[PDB]
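**Student:** Each chain is listed here by its residues.
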Amino acid sequence: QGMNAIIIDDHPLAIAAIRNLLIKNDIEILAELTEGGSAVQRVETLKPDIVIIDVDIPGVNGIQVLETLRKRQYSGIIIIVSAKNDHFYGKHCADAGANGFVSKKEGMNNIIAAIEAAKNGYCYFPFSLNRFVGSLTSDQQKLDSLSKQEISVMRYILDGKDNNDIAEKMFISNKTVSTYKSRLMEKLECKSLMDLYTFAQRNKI
Amino acid sequence: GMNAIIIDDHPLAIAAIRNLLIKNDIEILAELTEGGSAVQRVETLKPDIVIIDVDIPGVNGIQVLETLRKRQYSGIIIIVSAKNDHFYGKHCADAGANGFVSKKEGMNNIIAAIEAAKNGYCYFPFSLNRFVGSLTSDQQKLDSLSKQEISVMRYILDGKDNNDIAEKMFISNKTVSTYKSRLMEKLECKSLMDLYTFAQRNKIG
Numbered sequence: 001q002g003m004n005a006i007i008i009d010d011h012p013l014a015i016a017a018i019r020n021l022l023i024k025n026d027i028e029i030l031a032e033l034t035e036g037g038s039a040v041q042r043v044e045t046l047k048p049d050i051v052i053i054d055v056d057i058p059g060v061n062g063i064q065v066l067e068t069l070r071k072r073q074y075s076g077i078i079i080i081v082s083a084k085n086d087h088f089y090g091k092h093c094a095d096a097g098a099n100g101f102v103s104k105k106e107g108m109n110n111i112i113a114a115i116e117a118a119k120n121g122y123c124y125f126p127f128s129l130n131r132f133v134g135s136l137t138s139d140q141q142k143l144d145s146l147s148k149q150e151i152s153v154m155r156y157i158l159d160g161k162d163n164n165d166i167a168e169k170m171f172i173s174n175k176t177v178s179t180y181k182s183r184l185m186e187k188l189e190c191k192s193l194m195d196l197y198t199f200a201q202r203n204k205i
Numbered sequence: 001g002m003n004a005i006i007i008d009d010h011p012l013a014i015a016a017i018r019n020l021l022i023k024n025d026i027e028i029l030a031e032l033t034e035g036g037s038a039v040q041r042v043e044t045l046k047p048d049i050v051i052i053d054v055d056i057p058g059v060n061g062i063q064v065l066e067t068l069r070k071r072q073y074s075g076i077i078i079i080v081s082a083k084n085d086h087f088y089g090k091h092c093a094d095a096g097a098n099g100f101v102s103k104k105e106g107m108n109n110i111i112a113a114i115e116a117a118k119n120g121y122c123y124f125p126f127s128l129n130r131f132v133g134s135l136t137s138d139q140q141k142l143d144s145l146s147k148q149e150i151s152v153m154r155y156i157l158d159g160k161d162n163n164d165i166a167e168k169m170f171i172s173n174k175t176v177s178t179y180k181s182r183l184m185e186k187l188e189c190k191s192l193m194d195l196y197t198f199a200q201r202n203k204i205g
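Sequence order for the protein chains is A and B. Quick note on numbering: this note's numbering labels position 96 of the first sequence as 96, and the sequence is numbered without any gaps. Quick note on numbering: this note's numbering labels position 94 of the second sequence as 94, and the sequence is numbered without any gaps.
Since the hints were made in silico from the structure, they are not lab data. Errors might be hidden in some of the hints.
[To be verified] A few chain A residues that face chain B, going by a derived Cβ cut-off under 8 Å, partial list only:
1) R70
2) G97
3) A117
4) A118
5) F127
6) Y156
7) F171
8) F199
9) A200
Ideal placement from N, C-alpha and C gives every residue a C-beta, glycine not left out.
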């Protein structure tokens, strides 16, 4: 309807399904980035209405591009997307200033619904009844207590990555992987590896 | 195959919302205009959707929510308001709402909030002031007020003196004076002129 967007995701199939969705609804495509290291600059230059960032872009992760853009006073629409479920990750994109968080696992129709919701000045984030109704409300609060890096170290641990792999992916030292690991294990009140498993399996992460 | 209960004493909105729900094959089980019988009658009929104006008399619309969530109601709850009340939305979201839609901005957001809830997401107003600009501080003070201070505030913007509010909230003039000062302290407003400039600068009405 006369709008445009930039896609920032390095999942080749996801780029296709998003490009097809934006085009099918008359939205122009200024760019398609697969790395964040220039995302902040590209978006500030081309000034697109919509920006779609996968949370797991390499170089600088998806939420980090969102935080920097907002710190640098970018006011346009930003809708974080994920290849995982990552329902707890939605609240963290909230307090960081995003307009949307949609998991590409349930389809592209939530991406377009997140766009029109941001068009109307609203936002389109996952809903966790387990934060207000249930027994896993304490664990959900500890997940909201984590930091931007602690979340990443957690999601990497739940994928089976070692401290060297996490250091290379997050561009930090091995001492910093171990530091994040501890604070993370603390906030979640886990002490052993099995504690983190049953924590993730309880809250389904 | 969905059904809903509408709770609102704005006759122009009851017609506004009943029509929109019928336009999407959503049955209307009950049409309340009262807070005291809300929590009881919702659980008696057990509807999928409950749409509640924040200004309903008796029990505050935010309390119908909190009590329904505390009594472990798992259905869709979508708060609405006659004004804009963007700051009010975050208080609903943290209280367990599936959405907060300002009726000032049309009916199509109600149904969009419903769809967002059906898909497991939520639909709340986006507040750019919280993340970008020079009013990020003031927006946090608004996001820190209590559910009472909120109401005590909004009545002062409306233009109700200390006497009306005490009756409108069914409380003593002394307790009104306590809330007002806590409000005035949290908002860093010393005079009534301060609140006018605060409200106008942050666009509250």
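**Student:** Look at each hint and say if it fits the structure.
**Tutor:** Against the structure, the hints come out as follows:
no., hint, result
1, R70, "holds (5 Å)"
2, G97, "holds (3 Å)"
3, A117, "holds (6 Å)"
4, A118, "holds (7 Å)"
5, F127, "holds (4 Å)"
6, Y156, "violated (25 Å)"
7, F171, "violated (25 Å)"
8, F199, "violated (22 Å)"
9, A200, "violated (19 Å)"
Taken one by one, the earlier hints fail for this structure at numbers 6, 7, 8 and 9, listed in ascending order.
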